[PDB]
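What follows is each chain in one-letter form.
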Amino acid sequence: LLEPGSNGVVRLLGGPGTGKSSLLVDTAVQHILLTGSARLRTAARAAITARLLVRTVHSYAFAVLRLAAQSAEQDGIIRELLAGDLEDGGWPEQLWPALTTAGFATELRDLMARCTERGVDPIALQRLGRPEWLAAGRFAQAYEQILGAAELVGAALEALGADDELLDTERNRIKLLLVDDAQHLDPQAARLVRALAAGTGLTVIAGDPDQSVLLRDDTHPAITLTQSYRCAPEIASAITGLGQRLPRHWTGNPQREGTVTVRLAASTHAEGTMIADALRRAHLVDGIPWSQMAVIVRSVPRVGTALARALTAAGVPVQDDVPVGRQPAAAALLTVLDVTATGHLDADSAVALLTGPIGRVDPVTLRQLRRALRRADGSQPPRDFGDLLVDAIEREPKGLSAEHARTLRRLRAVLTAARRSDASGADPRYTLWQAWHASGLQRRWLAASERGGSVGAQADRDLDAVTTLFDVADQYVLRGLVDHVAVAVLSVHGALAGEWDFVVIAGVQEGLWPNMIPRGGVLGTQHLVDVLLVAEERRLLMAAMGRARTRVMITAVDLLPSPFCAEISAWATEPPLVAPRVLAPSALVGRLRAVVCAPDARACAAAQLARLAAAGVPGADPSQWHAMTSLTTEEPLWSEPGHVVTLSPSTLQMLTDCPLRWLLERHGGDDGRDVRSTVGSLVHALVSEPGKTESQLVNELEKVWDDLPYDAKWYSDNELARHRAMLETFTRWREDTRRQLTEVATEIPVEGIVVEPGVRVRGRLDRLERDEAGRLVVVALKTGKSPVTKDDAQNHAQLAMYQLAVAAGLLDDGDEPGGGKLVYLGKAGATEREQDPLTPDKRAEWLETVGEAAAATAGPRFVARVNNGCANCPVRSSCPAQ
Amino acid sequence: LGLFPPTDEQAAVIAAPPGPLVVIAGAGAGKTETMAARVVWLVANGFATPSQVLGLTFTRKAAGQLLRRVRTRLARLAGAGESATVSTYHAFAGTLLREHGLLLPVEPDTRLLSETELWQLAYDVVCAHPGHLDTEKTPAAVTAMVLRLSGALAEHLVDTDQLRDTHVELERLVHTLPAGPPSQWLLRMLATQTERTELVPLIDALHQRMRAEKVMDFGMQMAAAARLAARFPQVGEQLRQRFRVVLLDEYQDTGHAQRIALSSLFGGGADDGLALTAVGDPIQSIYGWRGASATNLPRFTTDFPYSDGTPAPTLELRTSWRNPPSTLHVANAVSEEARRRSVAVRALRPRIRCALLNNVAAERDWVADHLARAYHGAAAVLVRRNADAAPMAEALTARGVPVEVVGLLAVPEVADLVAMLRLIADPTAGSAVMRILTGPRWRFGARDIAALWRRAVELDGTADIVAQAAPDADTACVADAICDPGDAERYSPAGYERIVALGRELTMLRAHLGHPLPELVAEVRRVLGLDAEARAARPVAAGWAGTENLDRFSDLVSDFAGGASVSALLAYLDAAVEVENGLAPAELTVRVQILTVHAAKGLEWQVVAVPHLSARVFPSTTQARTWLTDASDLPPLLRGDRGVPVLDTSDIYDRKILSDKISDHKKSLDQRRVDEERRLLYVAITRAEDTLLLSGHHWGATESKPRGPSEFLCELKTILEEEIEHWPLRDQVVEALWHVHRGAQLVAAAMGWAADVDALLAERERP
DNA sequence: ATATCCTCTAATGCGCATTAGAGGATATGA
Ligand SMILES: Nc1ncnc2c1ncn2[C@@H]1O[C@H](COP(=O)(O)OP(=O)(O)NP(=O)(O)O)[C@@H](O)[C@H]1O
Ligand SMILES: Nc1ncnc2c1ncn2[C@@H]1O[C@H](COP(=O)(O)OP(=O)(O)NP(=O)(O)O)[C@@H](O)[C@H]1O
Ligand code: SF4
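If you're matching them up, the sequences are chains A and B in order.
First residue of the first sequence? That's 145 in the working numbering, and the numbers climb one at a time after it.
First residue of the second sequence? That's 728 in the working numbering, and the numbers climb one at a time after it.
One should not assume that every hint holds.
Below, simulated DSS-like cross-link-like pairs (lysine-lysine); rule was C-alpha separation at most 27 Å, straight line [to be verified]:
1. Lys929/A with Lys864/B
2. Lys857/A with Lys847/A
3. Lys971/A with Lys836/A
4. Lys934/A with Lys1432/B
5. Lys971/A with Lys857/A
6. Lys836/A with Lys929/A
7. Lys864/B with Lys857/A
8. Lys929/A with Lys847/A
9. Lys847/A with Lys864/B
10. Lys971/A with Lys864/B
Source of the hints: derived by calculation from the structure; they are not laboratory data.
Please put together the full structure from these sequences, using the hints given.
Here it is as structure tokens:
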């Protein structure tokens, strides 16, 4: 039936992988076509050339349409039509609110497309009337009066049958018709093929009716095939066992030995781990190469996104998303182009260049560059870093430059090339390429992509993005240019052109694979499709299983195993795993260490760890364990005899509370300075002035309040109105007590010695005043809102150190104990908490407390007592007492 | 069919004719047991196809267990003589929105926001508000009010319009009315009422921004679904055709937005052929502040009618199954006050150790001893405050009982990944350096920390003060002394090599900052010792699982960047810490349970103890505020289900009368919360199956004066007496001072795991 | 060398507003 001398229509039927394409190519060669996919046609042409018109259905339709002459655009068109068809007053009067939405356009486009596929005229749709379909048909008929890839076959067929001479000429020009794909062909393509196969030669319609021209119901002789050539007998047995439930007999290759297995997890992580375990063991132990395994899942976004991430961590390669503009590497040149178009360097457009790939500096190098630049322009108020950056780029600062000169020189070269090349040539030929050549970002990745799997990956992706940007710029022909801009896990539908020794069918849960998710809508598209399913998904499972020839691994979790799993288990060749083993080199070391350091097999594990450590394998040697490290110093902070330590009065209530808090709050360990701190310091500075009136203080505060890092600019006015009242209440307090005390000094520096380890008090007294008795009270203005209690303010460590200094000289006065005061600006007047003067009895106790506190900062091994202030300290993650 | 013999009372519910049905009587009378056994009676006998069954439960665990029970019963019945659809309420609302999202104009592609992302969006909207708030609060403190008002509104379907006339008609009673004998206190209430209408524009702009970004919330999905159900009768007439039997479990705690969405599709008086069953009791309704619906048990007999005005039938089904006597007497006497307040139940008929210790330590010892003597010689504890859960394990672990207690970012293996990622991003976070410098890796001593700080400071009017606090101000951090250690004479010789190594490692890692976000956190974890030391710290009995949460963190990071790692993923994590209290513990595989009372609804255990029953802790009278003290409280005049009495405000002619009305209104609203607490105690008691433990303490932990036991203990003591005869706080302060070694010797002396090791060696040594 | 807070409650001095201190800053689906 397949000879050079032959006529009529013949077909070969049945069998997945049997060799339909091989038979077709053999018949084509012996007698001296169609493929159905732009990638499959390349393979067919390669096979034909190796043995010695490879087109597709849509390509053939386009070719015949072109001979007869002798997707965002359609979405935009329908969106514009919908936007126009809302001001005018035939929708069912309930779809008006949804017309402007972007979800209605896609549904309408899909309905139009499926109407086009089955060969339906707009008048035919208007004959179905359900006014939604009538309105859709009217919309379609209006759209026609206003081509795409969905109606190409229909348009080509419509152009045929009228000339009555082109069809005969084309038929006479074809001697062999080899469709090679008839199981899934649109009815328009089917009738086009039938018309093209009226008389010639031939006209092989092979296809595969088991998995949904025509095959099931037709005349002409048919050929039956039964030997699979690409499936083990066990796999075929499982497939047929599933098939004996469907509303079909074929044997596999006896020369193959196969295995179909079903696995169940206890969690999603367990499934994602045993899949990688099986893949790793298959690649390493069995020895099959990569690209022969594949993971098949119902939907990549639903499951495959997490599966790929959990699988690449185990060392199994994945062959594998963002726009061109959104890529920082491509946007690096876009920023340069924008700067060239504007002609002036901005402030926030320089940090991006200093941080992006053109010139790369880590944040610490940013701090070093900022410090080295601010050392040139020694203004008392430091200038903003962005302001100095542009000046440094333009004019070279001679004050200091050691290693930052190279980066600025490179940026100079790039900018001075781009800004001059645009004053002549066009954008794509003089802006992007000149900038790329001027930048050194071509000789680095070229010698850097060779080595390193981490830096090399970024280099490759960045180079691909740069090439794509260059291609887009070429297709765009300066302001307008900137304005314009391995194991492969894949879906079931993409799992139809693979050999795939090992196939892992992932995500076969009862909630997703038999899709109980309804497929209804507002337009009733599915009702139109059906008028004009478990058994449906079983065919998909069958097709996915049939791609594997050696091993099938059906993975699910127990999130519940579908009845398909129970059905498969009947023809398979244990409690669900909860701790699945891996072959990862970083998991063997972990398990071996966990078993060695446990409260027989220990010698074996130690031998394995020794053999691992003898060849690298980080984490194996005993010296590389974290628990085996040693303290760096273990020596006291100070040890010389006669040493004197300095205690500021503000950090004495913190040393008597938690010495570790003192050690780590100073010496770095405070994660920053809040705005409240600088506002309080500013108010203290304003109050400290001795010769300014209230209006002057308020004006000074208002003139500098603008430069404060307040988000919520409705709050930067509430704070100003509150601190104006703070200044006002300070002034009222000062005027209220003028007749009872009298100031002697303000912000007076306290410094001296109180014990001979010696203790050296140092501090800045906010306000020092004197009474009618000649004493010296001490005042510490505070801008907080919640005052301390009296029984606590009488034990305040800050004041009790200040009036401790005034005893035994120090502040150069009568050296009387005085008293103690604590004024809370903010919360009849400012609330004042008092403290009695240091009596000789209590002075000894306070000296003892100071001495005991000064001895807790001596050596290593600081104490960490739990306080009521543990909720506010930054050193909590490193605190043993938690 | 191989299970329980259904009781006579349960028989009527099991084989009731098609139509609406109510089941009552509460605490073990077989409610969920007559759900799968009623599905099978409506499947095997006939009247339905098991693809037409819909069941709804509050928590997803209950949905899963009901699905498993139903499928098992159906499979067993398949051998004697197409699967159901079981989902939670909110999941069904999401499905309904996806199917018919274009009728009511909401895009079906709408994303759903978490708590952290919602807080971030609300914070940005609040901080980007051009105007004058005239409030004494702060941003991130009025965001916690906007996010609560916008939840209450969407829960009661108020749409922000009626909120603008709340203070009016009420401020006139304090100004126009004459005194009978300002009060300086009603003005605080008025300043509170004038806050809802002040912050209405904020919750309007927030909704506008959420609409403009095609995202919504958990609390807006139900509102949208309910509006769709009420406005359009064409959706119910299709679901009623698809589904013929509908089961509503735990109907006592369903909210107002879920009450008019389940009464418009099913049982609006439309179809009498739809077998609709609702179960639940009016006594275990404990939430009151989340669903905020104390109704829906009485509003069922007139809410799902017979399509002819006949009220739907309610079946008593009274029998105590999961409660042994002498623990049911306490349950039925502690909630005997509900004979007037919430009358919908009569009683249920049938088929203990109390202690009062003088301090918390003694009570902890007593409960631990009682739970250990039943373990060493041969269960759960219900703590109302979860902050109390962790404390009571040290007095119990010392007894030797295995301890199980039930923050992703506080795990010691993940907190070292958030740091060293904060140290990489901004070298000004000093709290992320003390965690690295003093961790098990490179244990720096105190002297070397001091030397590093000295090098850091060596590296370093009224306008110069404000010149600081800028985003580009220099603050003399400690992270730029590691990269310029200076001369190696100020540090110890063993502490300079580590500093140089840290500098080189950070320099290598910071260059990988332009790489995609998910490929950076997976590289830091490669450089650090994680994924190897995480497994080495796990007992052999666990198996191979050591990187569960350390991998779920990476999955969450990849989900977030579906990203900048500096502006985002570090503000995001700090927002999640304060908002979500750690993202998600990454639950174990799975001693005595620890869980809270609110998480112990509809379950059962053998030995259950409610440990802490003193005053102010279990009744929780603290931190409760009515609608006239805080803004975000939705006055009852415009709230659904109005229990929650409304003050008449139309019978007052003097200020004294208004003050009395306000005072008694506050007292009534407080008694409401007291009744809710009593319902909580009733829920806690009935989960016994066996002996029960009740305890209370005199002296707490941080009190100047002792607190007595609560009223619950003072009532239970009377109940048991008509009990173990167990009837200057403290100044002790805990302080901490700042196998592996034995097993390392075997490894040191050394120089089916053999196959794996040789295969890995072959793989590594094959270029 | 420099400060955590909002809120409800109890004493109190010239019945009601002002000041001070104690205790908690819950429970939480999808
Ligand atoms: N005579 C033959 N000798 C050797 N190998 C053969 C022979 N015929 C077919 N094959 C092999 O069988 C396979 C042909 O599969 P194929 O032609 O793709 O079947 P199929 O119908 O396309 N199944 P599908 O991939 O789902 O479309 C190839 O691996 C061929 O090498
Ligand atoms: N006919 C029966 N025979 C024996 N035990 C039963 C019977 N019916 C119910 N039970 C048991 O009584 C208890 C009732 O619990 P369950 O059936 O889960 O409903 P429930 O606990 O009452 N739900 P809820 O009332 O909301 O707390 C379970 O332990 C059942 O196993
Ligand atoms: S949490 Fe408490 S014990 Fe730990 S460092 Fe901070 S203050 Fe000290």
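Hints and how they fare:
For the hint pairing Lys929/A with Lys864/B, the CA-to-CA distance comes to about 13 Å; that is within 27 Å, so the pair holds. The suggested pairing of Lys857/A with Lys847/A holds, with an alpha-carbon distance near 16 Å, which does not exceed 27 Å. Restraint check for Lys971/A and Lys836/A: satisfied, since their Cα atoms lie roughly 23 Å apart, inside the 27 Å limit. Under the criterion of a C-alpha separation no larger than 27 Å, the hint pairing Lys934/A with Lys1432/B is consistent with the structure, at around 19 Å.
Only pairs whose Cα atoms come within 27 Å are accepted, and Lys971/A paired with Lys857/A is accepted, the gap being roughly 24 Å. Between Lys836/A and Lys929/A, the direct Cα distance comes to roughly 25 Å. Compliance with the 27 Å bound is thereby established for this hinted pair. Our distance criterion of 27 Å between C-alpha atoms is met by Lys864/B and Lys857/A, whose separation comes to about 14 Å. Between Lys929/A and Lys847/A the alpha-carbon distance is near 25 Å, which keeps this suggested pair within the 27 Å criterion.
Proposed proximity of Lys847/A and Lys864/B is supported: the alpha carbons are some 24 Å apart, at most 27 Å. Under the criterion of a C-alpha separation no larger than 27 Å, the hint pairing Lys971/A with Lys864/B is consistent with the structure, at around 15 Å.
Hint check: no violations occur; every hint is consistent with the structure.
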